[PDB]
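Next up: a single chain in structure tokens, the form deposited in one PDB entry.
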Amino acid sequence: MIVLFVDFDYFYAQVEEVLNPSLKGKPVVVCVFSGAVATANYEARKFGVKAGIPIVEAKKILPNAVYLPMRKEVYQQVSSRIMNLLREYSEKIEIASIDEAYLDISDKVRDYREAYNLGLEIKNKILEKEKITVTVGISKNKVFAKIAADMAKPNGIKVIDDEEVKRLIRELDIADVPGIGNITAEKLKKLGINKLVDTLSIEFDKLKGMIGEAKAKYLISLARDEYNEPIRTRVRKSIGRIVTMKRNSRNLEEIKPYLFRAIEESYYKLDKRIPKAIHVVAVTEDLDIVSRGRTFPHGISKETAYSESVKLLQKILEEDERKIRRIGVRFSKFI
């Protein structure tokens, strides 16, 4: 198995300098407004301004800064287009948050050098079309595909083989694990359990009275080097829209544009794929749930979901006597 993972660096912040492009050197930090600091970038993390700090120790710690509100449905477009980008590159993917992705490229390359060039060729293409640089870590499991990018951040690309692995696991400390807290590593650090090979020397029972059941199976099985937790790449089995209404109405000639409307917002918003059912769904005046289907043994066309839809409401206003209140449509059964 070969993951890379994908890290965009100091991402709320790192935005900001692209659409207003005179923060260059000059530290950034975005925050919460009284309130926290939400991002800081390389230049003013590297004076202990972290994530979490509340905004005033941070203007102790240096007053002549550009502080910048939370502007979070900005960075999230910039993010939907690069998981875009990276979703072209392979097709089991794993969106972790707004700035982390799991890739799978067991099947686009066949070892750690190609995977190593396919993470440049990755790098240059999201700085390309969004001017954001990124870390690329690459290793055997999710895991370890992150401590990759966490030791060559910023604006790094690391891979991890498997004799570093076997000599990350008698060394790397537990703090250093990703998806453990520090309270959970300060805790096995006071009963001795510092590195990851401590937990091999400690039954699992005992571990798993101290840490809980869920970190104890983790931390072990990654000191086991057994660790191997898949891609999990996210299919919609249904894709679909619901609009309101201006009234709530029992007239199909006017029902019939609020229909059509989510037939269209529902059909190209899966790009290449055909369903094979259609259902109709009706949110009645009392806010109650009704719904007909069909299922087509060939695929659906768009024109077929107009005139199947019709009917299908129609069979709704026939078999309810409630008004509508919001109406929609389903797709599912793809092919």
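Numbering follows the first chain given and starts at 1. Compared with the form deposited in another entry:
For the motion between the two forms, the hinge, where fit shifts from one rigid part to the other, lands on 233 out of 96, 89, 233, 213.
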Given for the second form:
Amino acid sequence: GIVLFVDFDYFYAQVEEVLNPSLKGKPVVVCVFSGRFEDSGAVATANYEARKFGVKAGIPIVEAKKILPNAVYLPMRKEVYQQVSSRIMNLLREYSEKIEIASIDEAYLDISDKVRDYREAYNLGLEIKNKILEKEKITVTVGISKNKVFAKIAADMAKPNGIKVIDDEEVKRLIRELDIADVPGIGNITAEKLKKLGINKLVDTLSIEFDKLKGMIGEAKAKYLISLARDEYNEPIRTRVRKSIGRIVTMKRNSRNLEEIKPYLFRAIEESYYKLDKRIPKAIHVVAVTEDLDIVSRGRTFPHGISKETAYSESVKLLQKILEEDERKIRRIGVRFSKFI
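For the form deposited in another entry instead of the form deposited in one PDB entry, what are the coordinates?
Excluded here are partners and other molecules; the one chain stands alone.
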């Protein structure tokens, strides 16, 4: 069938531009301030103006402020971005009811029965692009191909404010030419390990004997690269169900003291149980980011769903568990709920 992929352009940043258009065309940086000191924290994202000077997601707000001291630094308003996202995802639903909301900013439509060929798909893509640009002022990039992965790849090639169709014949061309690093699911750690095996594109995966591919990346990514490269890979647009909900916050200073940390842990619990919204988790994990940025987690699965009261007292037992079992001072603390009924 034919998959159409939407990825909203510089999302949090753009939304801020829609809310304050006197920002458009000059560098905008959306940050998560951590409160540890003046301008501590990270950059959630940045518009392309900012992005031209290396201000991207994940870098400290202070590294960015040295590069672009005069840029606009805006604190992250996820509540707001989520509202816009929700509305756009709802727009998308009126184009195909076979939707998979993949993330806050991306979604896959299976348009197979709304269009006859890729050319009709492209026009639909333009229809969708305008409709969003008209109803939400957000530019997005559309990637259309035979399936999820490739449609995502097309979007990655056209962004920002782009549209790429990757026809059955174009698919084949990329397998041989696309950098494996650009394959969805292939990050730096996997890229590195694949380059260690002479694997640069997809192609060289069909070259390498399966046996030593899983013997570097595990069974899953191995199957994944191959089905992609053999032009099989069908994965259907399945309606997303949220499997875990969590919240994790940053402390004013690293601490090992149970009492200093609790208020942070509870803040997260409260936030999490709120985001849960009618969902009853049977599992809770307290997650701690150490001083050296290792992420550790202690958790517990219950025979039956967890009440907020249970969450509270178990989280503490779990934080105790982390504190006794891990030497390091904790920097960030939070909780995550899974296994909903």
